[PDB]
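There's a structure below that I have some questions on.
Selected chains from the complex are presented in situ; the others are not included.
Should a chain be cited, it is by its letter among A and B, assigned in written order, with residues numbered from 1 in that chain.
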Amino acid sequence: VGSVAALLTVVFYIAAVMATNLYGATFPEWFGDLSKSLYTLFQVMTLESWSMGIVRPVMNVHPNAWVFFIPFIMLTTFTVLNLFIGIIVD
Amino acid sequence: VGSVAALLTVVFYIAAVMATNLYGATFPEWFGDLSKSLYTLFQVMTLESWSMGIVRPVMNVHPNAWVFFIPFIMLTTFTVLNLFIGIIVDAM
């Protein structure tokens, strides 16, 4: 559980660093700095407007953006589910 | 389960009191009174338009509003999941 949460923090911070570099200049409201990127990737993890609100507008500039966002969702959503179940069982 | 539901009610009511004070004057449609705040925080808990519809517009006026809403989601979402699983287990 402790290591699971530690892995989720490392993944989250790395992805937010990656996103700031990739989409920061073209999408500064969602990825303009590390703080904006951490907030946006938390929203994308909760699946809230991830495609219509964020990734479809981003794909209009960066057509391969789905290679970043779909594996991010698959990874964080699975880990969050695994972590919350882990706390309840332990 | 009973205590879990009791904790969720106390958390929900306290947060709705907090939100009415914080965002009531600047966002009266969503937090103008305790009834509006309880409804909005139920919507935020279900994750429905929580960021695009509510917290991003709120952050344009109150930049630190994420310090309220992200811990609220993390807490209530985890508790609801824990409560629903608890009812199912204490039935089998």
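Just so it is clear, contacts are C-beta pairs under 8 Å (C-beta built on N, C-alpha and C of every residue); 3 or more make two chains touch, one makes a residue touch a chain.
Q: Beyond the 2 chains sitting in the coordinates, how many copies does the whole assembly comprise in total?
A: 4
What we mean here is this: only the chains that are shown with their structure count from here on.
Q: Can you give the whole-Å distance between the Cα centres of chain A and chain B?
A: The answer is 22 Å.
Q: Given the complex with chain B, which residues does chain A contribute to the contact?
A: Touching chain B from chain A are residues 39, 42-43, 46-49, 53, 84, 87-88.
Q: Which chain B residues qualify as touching chain A in the complex?
A: Answer in residue numbers: 47-52, 66, 70, 73, 78, 81-82, 85.
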